[PDB]
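J.: Single-letter residue listing:
There are 2 protein chains.
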Amino acid sequence: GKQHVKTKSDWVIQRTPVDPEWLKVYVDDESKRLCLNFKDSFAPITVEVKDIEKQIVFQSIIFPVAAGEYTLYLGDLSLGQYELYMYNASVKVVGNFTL
Amino acid sequence: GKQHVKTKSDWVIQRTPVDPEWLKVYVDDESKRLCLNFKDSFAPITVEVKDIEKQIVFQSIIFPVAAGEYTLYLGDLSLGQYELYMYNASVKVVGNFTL
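Protein chains in written order, with the entry's author numbering: chain A, 0, 24 to 121; chain B, 0, 24 to 121.
Worth flagging that the hints you see were computed from the coordinates, not collected in a lab.
Careful: at least some of the hints might be erroneous.
Which copy? The list can't say, so a pair holds if one copy fits it or any two copies do.
[To be verified] Below are the DSBU-like pairs computed for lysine-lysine, each with C-alpha atoms no more than 35 Å apart in a straight line:
| no. | residue 1 | residue 2 |
| --- | --- | --- |
| 1 | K54 | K114 |
| 2 | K76 | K54 |
| 3 | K54 | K24 |
| 4 | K76 | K114 |
| 5 | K30 | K46 |
| 6 | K61 | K76 |
| 7 | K46 | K114 |
| 8 | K46 | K76 |
| 9 | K54 | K72 |
Based on the provided sequences and hints, a complete structural model is requested.
T.: Here's what the structure looks like:
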């Protein structure tokens with residue numbers, strides 16, 4: 000029948039310096055796209071974009087199941103200054119950009 | 000055009039103890055199933071099972087895109103004693119079980 027397997031977890035990330043370039047984010051202000059390039063796969067991460075009046079104007083969850091480029095579509099946004107906030111249990115990422 | 027957005031990452035996980043029950047592993051020796059229950063979503067993780075001669079008898083990548091239970095079928099395996107090893111860039115997990 024069904025039995026618990028006693029496991030031990032070694033969180034190597036807690037003793038391993040992280041690559042400053044694990045994530046590279048770009049904005050294309052012509053096509054109104056955000057491009058997120060992950061060097062390795064990663065846990066799902068929530069992406070929020072906030073305007074100058076603190077309105078959340080875009081929210082999505084990205085599933086980086088493989089290394090490579092993930093695109094987010096910001097076509098519905100006005101021009102202006104935006105804050106990018108990405109988060110999950112492991113990391114919080116902040117940046118700013120203009121459309 | 024396309025412009026780099028400077029981002030600052032805060033790796034919360036590097037300074038935060040992780041719930042020892044983040045992952046619960048079970049084995050059903052009748053159905054020859056391994057069951058992996060994640061409390062939260064997680065990065066893709068490689069699952070390897072080794073026999074007493076250290077032959078790798080099962081190897082697969084799991085994609086824990088949502089919290090919940092993931093099942094792996096071990097029908098190819100003999101009755102016997104096995105070592106479990108699961109790993110990605112962030113964690114290594116070890117346990118042992120019987121079929």
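J.: Each hint needs a verdict: does it hold in this structure or not?
T.: Results for each hint:
For the identical chains of this complex, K54 and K114 are intra-copy neighbours only, at 23 Å inside a copy versus 39 Å across copies, given an alpha-carbon limit of 35 Å. Taking the shortest Cα distances, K76 and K54 sit within 35 Å of each other inside one copy (19 Å), while across copies they are farther apart (52 Å). For the homomeric pair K54 and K24, the shortest alpha-carbon distance between copies (10 Å) is at most 35 Å, but the shortest distance inside one copy (51 Å) is not. For a Cα distance limit of 35 Å, the shortest separation of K76 from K114 inside one copy, 18 Å, qualifies, whereas the shortest one across copies, 40 Å, does not.
For the identical chains of this complex, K30 and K46 are neighbours both inside a copy (33 Å) and across copies (10 Å), given an alpha-carbon limit of 35 Å. In this assembly of identical chains, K61 and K76 lie within 35 Å of each other by CA distance both inside one copy and across copies; the values are 30 Å within and 31 Å between. Proximity of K46 to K114 under the C-alpha cut-off of 35 Å is found in both arrangements, the shortest distances being 14 Å within a copy and 26 Å between copies. For the identical chains of this complex, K46 and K76 are intra-copy neighbours only, at 24 Å inside a copy versus 39 Å across copies, given an alpha-carbon limit of 35 Å.
With identical chains, the CA atoms of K54 and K72 are at most 35 Å apart within one copy only, with a shortest distance of 15 Å there and 49 Å across copies.
When each numbered hint is compared with the structure, no violation occurs for any of them.
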